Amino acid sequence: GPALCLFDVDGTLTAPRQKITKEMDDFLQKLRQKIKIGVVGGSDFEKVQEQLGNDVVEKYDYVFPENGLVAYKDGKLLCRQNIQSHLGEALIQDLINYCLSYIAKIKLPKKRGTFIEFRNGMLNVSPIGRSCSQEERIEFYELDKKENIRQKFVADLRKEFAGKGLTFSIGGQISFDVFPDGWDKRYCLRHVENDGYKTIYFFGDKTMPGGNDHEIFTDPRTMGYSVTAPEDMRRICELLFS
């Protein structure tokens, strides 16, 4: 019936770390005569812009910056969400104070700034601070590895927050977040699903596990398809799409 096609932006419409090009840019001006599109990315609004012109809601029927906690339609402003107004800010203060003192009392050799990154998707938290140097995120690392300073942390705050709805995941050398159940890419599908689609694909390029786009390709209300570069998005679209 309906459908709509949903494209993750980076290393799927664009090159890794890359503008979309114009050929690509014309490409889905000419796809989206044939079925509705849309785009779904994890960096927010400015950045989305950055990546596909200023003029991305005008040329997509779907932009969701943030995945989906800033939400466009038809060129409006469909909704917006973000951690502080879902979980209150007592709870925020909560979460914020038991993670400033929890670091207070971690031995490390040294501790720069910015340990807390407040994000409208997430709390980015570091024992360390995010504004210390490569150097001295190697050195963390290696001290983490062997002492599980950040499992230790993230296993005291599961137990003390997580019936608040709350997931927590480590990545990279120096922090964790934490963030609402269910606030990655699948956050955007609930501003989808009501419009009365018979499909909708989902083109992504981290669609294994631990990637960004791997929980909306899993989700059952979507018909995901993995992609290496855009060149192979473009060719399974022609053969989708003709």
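Residue numbers count along the first chain shown, from 1. The term rigid core refers to the maximal set of C-alpha atoms that superpose within 1.5 Å between the two forms. What changes on going to the form deposited in another entry:
- Relative to the superposed core, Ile37 undergoes a Cα shift smaller than 2 Å between the two forms.
- After superposing the rigid core, the C-alpha of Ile174 moves by 2 Å or more between the two forms.
Right, the form deposited in one PDB entry is done, so what does the form deposited in another entry look like?
Partners and other molecules omitted; one chain follows.
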């Protein structure tokens, strides 16, 4: 029946960290004549626009930056949630208060600023501070491997906030993310489920346990496909839809 293809962006439609190629851009627009298409990424709208184009909300039937915490359908923004409204101010403050006190007790070479970055769909927590310089970021990343600073911090937060409906995830070099359970890429499915699609396909390059496509891939609402590269994505689409 009527169906939808949901694509991870980075590593799936694009080489890691790159803009999409015009060839792949043309392929997806031809695919879209047979089936609706949508993209989902953890990065913010501006990054999605850089990777896929400023006119992204016109070229894709759905656009889900920030895992869908910002969501466009048919070019218009859908209803929105944020972490503080979902969790309540009291839990937000307890989480922040705890993280602030914990960071105060970490011994580091350097500390700077923006220890807590408050985003739509998460708190990003950095022991050094997100305002650090590139040199300081690498110094921290290197010490963190040696001392397990972020790993211990997250293990402590998981016990302290057991039962409160939070997920913690270390990514990148200086930080970890604290977000409501289920606000990974599965969040966007709320905007497409039970909306007439007989099948919702999903394509992603990090569907393994621990990868950022694992939960949406394994969700029963999607017919999930693991891709190894954008050329593998195109291969599967030509098989299924041509």
